[PDB]
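Shown below, as structure tokens, is a lone chain in the form solved without the ligand; questions about how it binds or moves come after it.
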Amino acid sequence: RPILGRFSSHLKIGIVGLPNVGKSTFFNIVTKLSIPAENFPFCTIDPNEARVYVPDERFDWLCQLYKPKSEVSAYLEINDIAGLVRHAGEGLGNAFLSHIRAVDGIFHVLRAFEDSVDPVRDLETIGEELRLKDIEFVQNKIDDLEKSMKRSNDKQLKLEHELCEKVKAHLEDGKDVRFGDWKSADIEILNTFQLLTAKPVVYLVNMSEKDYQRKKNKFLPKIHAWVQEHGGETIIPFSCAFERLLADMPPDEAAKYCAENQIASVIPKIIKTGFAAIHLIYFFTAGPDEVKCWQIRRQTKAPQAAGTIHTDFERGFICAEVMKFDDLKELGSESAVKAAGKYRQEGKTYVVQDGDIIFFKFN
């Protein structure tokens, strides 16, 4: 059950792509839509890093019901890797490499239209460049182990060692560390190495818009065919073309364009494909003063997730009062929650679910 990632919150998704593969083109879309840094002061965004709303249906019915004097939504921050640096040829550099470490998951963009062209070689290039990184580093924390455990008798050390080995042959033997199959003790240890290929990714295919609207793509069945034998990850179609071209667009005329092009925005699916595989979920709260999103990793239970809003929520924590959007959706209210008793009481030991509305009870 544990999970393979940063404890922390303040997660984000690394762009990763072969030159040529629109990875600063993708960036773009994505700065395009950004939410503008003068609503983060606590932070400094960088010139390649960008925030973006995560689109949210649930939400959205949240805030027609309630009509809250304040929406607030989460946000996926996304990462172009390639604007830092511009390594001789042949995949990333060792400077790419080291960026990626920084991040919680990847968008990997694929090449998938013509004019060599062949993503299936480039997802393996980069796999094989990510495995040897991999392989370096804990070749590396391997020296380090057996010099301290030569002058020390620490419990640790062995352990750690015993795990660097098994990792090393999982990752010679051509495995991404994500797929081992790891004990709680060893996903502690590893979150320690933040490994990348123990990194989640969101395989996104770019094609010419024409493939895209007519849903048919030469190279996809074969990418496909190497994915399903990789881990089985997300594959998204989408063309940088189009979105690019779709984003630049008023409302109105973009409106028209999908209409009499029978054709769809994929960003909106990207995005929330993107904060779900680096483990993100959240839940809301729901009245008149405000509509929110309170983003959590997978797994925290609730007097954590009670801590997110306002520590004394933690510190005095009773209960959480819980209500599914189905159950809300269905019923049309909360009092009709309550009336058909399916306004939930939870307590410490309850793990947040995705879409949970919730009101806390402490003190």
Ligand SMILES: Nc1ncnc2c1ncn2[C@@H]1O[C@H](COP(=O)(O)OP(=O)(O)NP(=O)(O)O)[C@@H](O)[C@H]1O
Second form
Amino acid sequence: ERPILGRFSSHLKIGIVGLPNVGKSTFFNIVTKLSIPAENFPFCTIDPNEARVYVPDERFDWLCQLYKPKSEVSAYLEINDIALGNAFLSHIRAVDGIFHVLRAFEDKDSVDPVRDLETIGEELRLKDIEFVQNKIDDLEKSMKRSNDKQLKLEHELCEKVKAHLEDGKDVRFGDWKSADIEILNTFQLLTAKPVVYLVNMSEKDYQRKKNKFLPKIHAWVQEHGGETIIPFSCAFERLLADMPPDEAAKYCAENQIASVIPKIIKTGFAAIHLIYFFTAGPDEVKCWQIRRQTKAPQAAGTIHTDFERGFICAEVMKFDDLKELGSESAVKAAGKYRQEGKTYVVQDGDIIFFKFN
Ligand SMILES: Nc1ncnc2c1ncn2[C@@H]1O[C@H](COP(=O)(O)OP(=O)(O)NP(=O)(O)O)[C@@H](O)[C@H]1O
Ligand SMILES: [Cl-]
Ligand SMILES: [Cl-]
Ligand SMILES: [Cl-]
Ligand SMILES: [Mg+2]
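Target state, the form deposited with the ligand bound; input state, the form solved without the ligand:
What follows is the entire complex, opening with the chain shown before.
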């Protein structure tokens, strides 16, 4: 319903945030080892702390089996290893979502995730108050010399925002009007950025699917957003990425265990409000990355500007209808090759051909 809280930008990043020595770089290096080579994004500089990972998708893979196309193109998630400090917030402001890593395994100076959640939670809210407060000063200083309604509106929000933060809540979970969000998105505020909780634990805990700290983390999250908790073992994953495909498959069978990195990649990608639509022929099958609540013309623009400027229609078929009926010819036969106009919001998984001029 409401507009999305986050920057109206193409190149979205997710940051690895957490207390020191909980698994941040060990998780990043697993991610890095699975990354796309930086030379394949020639328009971008990929710093050593940055990596981009293919978003795995079973629907995408099925479309590659069907068309057996010449070019298979995936979407990607950009993950940023950050660092806790002050210059910590430079790297943290430049991302659009947080992999909040939390330590849930015993050492071999204390072990507690919910305490670490509070430390970072509080530390995040405080530096947002610091941000809001300064613009609160700058606004009312300028309102002395101007009668601008926008200065008043921005001032009213900044007061309501600081109330929310002092009340012990994150800007992300406020009940904001559409126009408040517009102003909020200018501020790039830390607690406006979405979180995916990654509970790092032993390989034993992970495989057993039980952990002493998990119910205490889980119940806390329900009281603070209800965001996704993915339990994972950083050691197991490190171990598993270091071994080749069939050794991994033998290991996964014999230990009755499986990697959750794909789920982590998928969940992070969705959590920062990205989706994609497919295009699919023998030429290529490609995932077309877009923000949620994107209308069909703006989606078409992402391929070629003309597709938007002279937009006629988007010829869209759902994935479920293609896998069921076996081919596009067959989907057409059943009158399921729909035709959508300029106010059609694109669904994740839509397979689209655009008509224009
Ligand atoms: N599930 C686990 N079991 C055992 N050891 C682990 C597990 N997860 C992480 N570790 C170890 O704990 C350490 C965590 O450090 P690391 O992953 O480098 O975080 P970091 O990047 O140092 N965070 P920061 O200090 O903010 O830079 C590593 O040396 C890991 O080997
Ligand atoms: Cl850094
Ligand atoms: Cl440092
Ligand atoms: Cl097209
Ligand atoms: Mg690190």
